[PDB]
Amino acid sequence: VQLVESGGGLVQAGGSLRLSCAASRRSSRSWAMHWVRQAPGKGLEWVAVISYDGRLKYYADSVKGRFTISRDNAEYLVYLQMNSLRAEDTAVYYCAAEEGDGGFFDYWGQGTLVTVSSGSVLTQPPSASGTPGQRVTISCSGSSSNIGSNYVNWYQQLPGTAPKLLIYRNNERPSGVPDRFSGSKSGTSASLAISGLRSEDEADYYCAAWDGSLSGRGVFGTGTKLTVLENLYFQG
């Protein structure tokens, strides 16, 4: 199962660009489909969601009134129509899939880059580091409306790759995520714990929840860059 975005490229400010998200296989389950974007060198920003039947849509405040999400279930395509494009919309655009109302993105496309030419917040520590074998913790603090009212998920983004689900529903691990990774949630905060730190763990880590009067909008944490130091932690 592979999601494939297309339609990216260079576009003039004020123009309209339509992105598409296709799937390598069809599913018997019902999937809400999302768009998530990431400006070069910046964090993930949730953009929009469409319900399985197209009845319900939600948008981030930064794109409301300009972007339209739609889907063609017969052709098995999801669209993001980006109108009135601004320089600030320059980003890699991912389409992501959520089964029903689970609240976590199981599948991500590779993303498509959009360059526009002009010529509440989940707080995370910006940087974390440790030596091999050590245990590192990464906090994510929100409010009663987001973390205090929803499951918290965690996503890992290795350099030059699409984000991947790491922890869902506060503390559950997908198949293929070792028990070294563990999540917890208490009140308005959550934390990701990485024990037995390894070189492969060097990546960006994002917490994620939902917000709004009915938690209809997605929200990603500010992001934490984890560095696995090429150093010992003995005294000497």
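Here, rigid core means the biggest group of C-alpha atoms that superpose within 1.5 Å across both forms. Numbering follows the first chain given and starts at 1. First, how it differs from the form deposited in another entry.
Comparing C-alpha positions between the two forms after a rigid core fit, one residue in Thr188, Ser182, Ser62, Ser30 moves 2 angstroms or more. It is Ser30. Annotation for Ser215: C-alpha shift of 2 angstroms or more between the two forms, rigid core superposed. Once both forms are fitted on their core, the CA shift for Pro132 between the two forms remains under 2 Å. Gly111 shows a C-alpha shift below 2 Å between the two forms [criterion: core-superposed Cα displacement of 2 Å].
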Second form
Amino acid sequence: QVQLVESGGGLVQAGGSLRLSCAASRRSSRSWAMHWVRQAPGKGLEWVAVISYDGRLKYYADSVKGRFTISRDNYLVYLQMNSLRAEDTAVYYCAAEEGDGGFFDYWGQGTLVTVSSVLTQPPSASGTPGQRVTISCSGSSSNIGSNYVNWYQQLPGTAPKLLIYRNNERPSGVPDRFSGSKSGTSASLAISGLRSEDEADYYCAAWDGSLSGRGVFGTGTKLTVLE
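The form deposited in another entry is what I need now, so please give it after the form deposited in one PDB entry.
Excluded here are partners and other molecules; the one chain stands alone.
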């Protein structure tokens, strides 16, 4: 298993610059791309940029275009952040994408950047142990209507994990209690037999076929279990 380690975070004044590093423990022919995903404290996930294994493909979110630059060096991937703003304050993760599975197949630990001065989901959901809970994801023709859906689970203070890829497929280690589906421009995550460990945030995800710099992540759903 490849291990990813982010570094470079710290305190910076607005307008300043900072370079983050994503280090991979070893090369892998399965991993073809490396993403950066950030999360402001208490907010949702936001995809930042991606670079292919050979550096020839690079894409950025519109919220960082022109200010951020992704690059790599032979086992390191760099994110050069210029003209930093308070909105850029977030934990920055890097995540590799393999030739199968989902957009973000494994993740690092995160590095915090502090700058000193659309897929809609229900904000919250709940259930009792053993209950069946469904989480909706409402998109458009350009994203869900045109591309596969992913689902990601995030426990408090930890990096998210891939739950569902290719609309309805589970990676290894995901129980069959989780299932996904997609119809038209909407998608849904279903959790049968809700367990206490399922209390987490859940994000749907789908790439946009028109203007891909818009965003990939859903708004996120906080699921609480009433014991």
